[PDB]
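Shown next as structure tokens: one chain only, the form deposited without the partner chain.
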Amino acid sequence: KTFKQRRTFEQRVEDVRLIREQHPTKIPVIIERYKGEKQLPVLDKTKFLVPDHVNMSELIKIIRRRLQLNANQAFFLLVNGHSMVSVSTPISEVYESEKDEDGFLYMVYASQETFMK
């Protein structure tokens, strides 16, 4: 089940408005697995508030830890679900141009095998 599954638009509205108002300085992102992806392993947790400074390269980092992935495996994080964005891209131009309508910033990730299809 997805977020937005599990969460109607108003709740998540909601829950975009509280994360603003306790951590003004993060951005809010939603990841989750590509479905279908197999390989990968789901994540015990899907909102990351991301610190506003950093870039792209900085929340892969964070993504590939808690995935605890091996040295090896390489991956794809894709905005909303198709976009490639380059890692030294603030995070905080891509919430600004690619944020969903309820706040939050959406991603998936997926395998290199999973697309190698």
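Numbering follows the first chain given and starts at 1. Whichever C-alpha set is largest while still superposing within 1.5 Å between the two forms counts as the rigid core. Compared with the form deposited with the partner chain bound:
Just a single entry of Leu40, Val85, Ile30, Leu43 exceeds or equals a 2 Å CA shift between these two forms, which is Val85 (rigid core superposed).
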Given for the second form:
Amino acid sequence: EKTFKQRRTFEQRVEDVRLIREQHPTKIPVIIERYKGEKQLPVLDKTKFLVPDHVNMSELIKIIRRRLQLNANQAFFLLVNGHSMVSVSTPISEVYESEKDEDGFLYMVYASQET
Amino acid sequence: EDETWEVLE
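Write the structure block of the form deposited with the partner chain bound for the protein whose form deposited without the partner chain appears above.
What follows is the entire complex, opening with the chain shown before.
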């Protein structure tokens, strides 16, 4: 199936970010998708997410692991620009400004093997 | 098509 960037045009994505940030100024707009070809981890039902500004990557990883109903022992990586974040205590509002895409979304992919 | 958002907290 097509990725989010392939299902929505660039100009549609830009406009959506502008409008959703007006409506929810304390939330960060995040696209979360399963890594291409990943089979151990399941698919999320939705693609577009709103994350409160204060949530850090450690907390977000916990949230997503719970949403996927993962076992505590199994590997899981949340990749922002193809790599795991090591500064897991910084709030996502700060991650957003450094790592957002050209379209204004913050893109994440999750995988089960070597980040 | 699905334009909705899920809130993560």
